[PDB]
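Only one chain is included here, represented as structure tokens and corresponding to the form deposited in one PDB entry.
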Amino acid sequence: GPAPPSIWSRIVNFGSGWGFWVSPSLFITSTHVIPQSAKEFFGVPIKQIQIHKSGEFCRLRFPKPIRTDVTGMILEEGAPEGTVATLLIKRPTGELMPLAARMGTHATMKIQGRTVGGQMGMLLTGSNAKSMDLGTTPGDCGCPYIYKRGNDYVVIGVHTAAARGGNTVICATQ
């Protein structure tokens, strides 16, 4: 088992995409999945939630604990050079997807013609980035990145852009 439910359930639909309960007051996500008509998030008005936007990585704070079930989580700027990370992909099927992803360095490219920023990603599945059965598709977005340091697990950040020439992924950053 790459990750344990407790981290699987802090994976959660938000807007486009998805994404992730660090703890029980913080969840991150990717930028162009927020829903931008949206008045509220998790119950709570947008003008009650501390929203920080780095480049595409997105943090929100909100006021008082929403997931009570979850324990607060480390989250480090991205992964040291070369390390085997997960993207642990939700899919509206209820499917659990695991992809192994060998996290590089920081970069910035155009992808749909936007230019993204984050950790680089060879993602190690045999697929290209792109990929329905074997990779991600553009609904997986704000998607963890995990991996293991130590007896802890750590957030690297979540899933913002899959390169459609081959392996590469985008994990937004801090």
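Numbering follows the first chain given and starts at 1. By rigid core we mean the largest C-alpha set that fits within 1.5 Å across both forms. What changes on going to the form deposited in another entry:
- With the two forms fitted on their core, the C-alpha shifts between the two forms stay under 2 Å for all of 64, 53, 110, 148 except 110.
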The other form holds:
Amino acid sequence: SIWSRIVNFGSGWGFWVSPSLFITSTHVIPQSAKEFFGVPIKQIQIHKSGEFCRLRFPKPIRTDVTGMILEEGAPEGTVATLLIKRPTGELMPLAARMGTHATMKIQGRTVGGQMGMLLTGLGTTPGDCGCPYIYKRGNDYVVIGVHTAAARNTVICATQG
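For comparison with the form deposited in one PDB entry, provide the form deposited in another entry.
Below: the lone chain, stripped of partners and molecules.
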């Protein structure tokens, strides 16, 4: 049911944080779309902070979901989960130890986010960007960013500005 918040989007995926708030990685946005989820793009408040993209819709879209806590990365050392969906239908949760917060240049673009190391040492692939990183803090799920890059165990979670 957390999985139902992860939806194919452009060349990756994105995640419904609340009925009106959808997050994704900026580089996967389909650049020739006129609307997202049936809403003309110019009616959506689309904020890009490097590779972290927030789409705020003018009316609720996913009214079946509750609003989830969204934070800017996690404490260093947190074992988060990257919730990968694949176009075969698989739901592949991967633990990742979160590390340093930084602003980097990746393929010439500025990317604010947090590094992680997958605990598989079973990894990420083209098509996976925009999938969410989450962790559990007490009784609360916390979403901390979106998948943006990985070494060909290092992954990069883009985080809000």
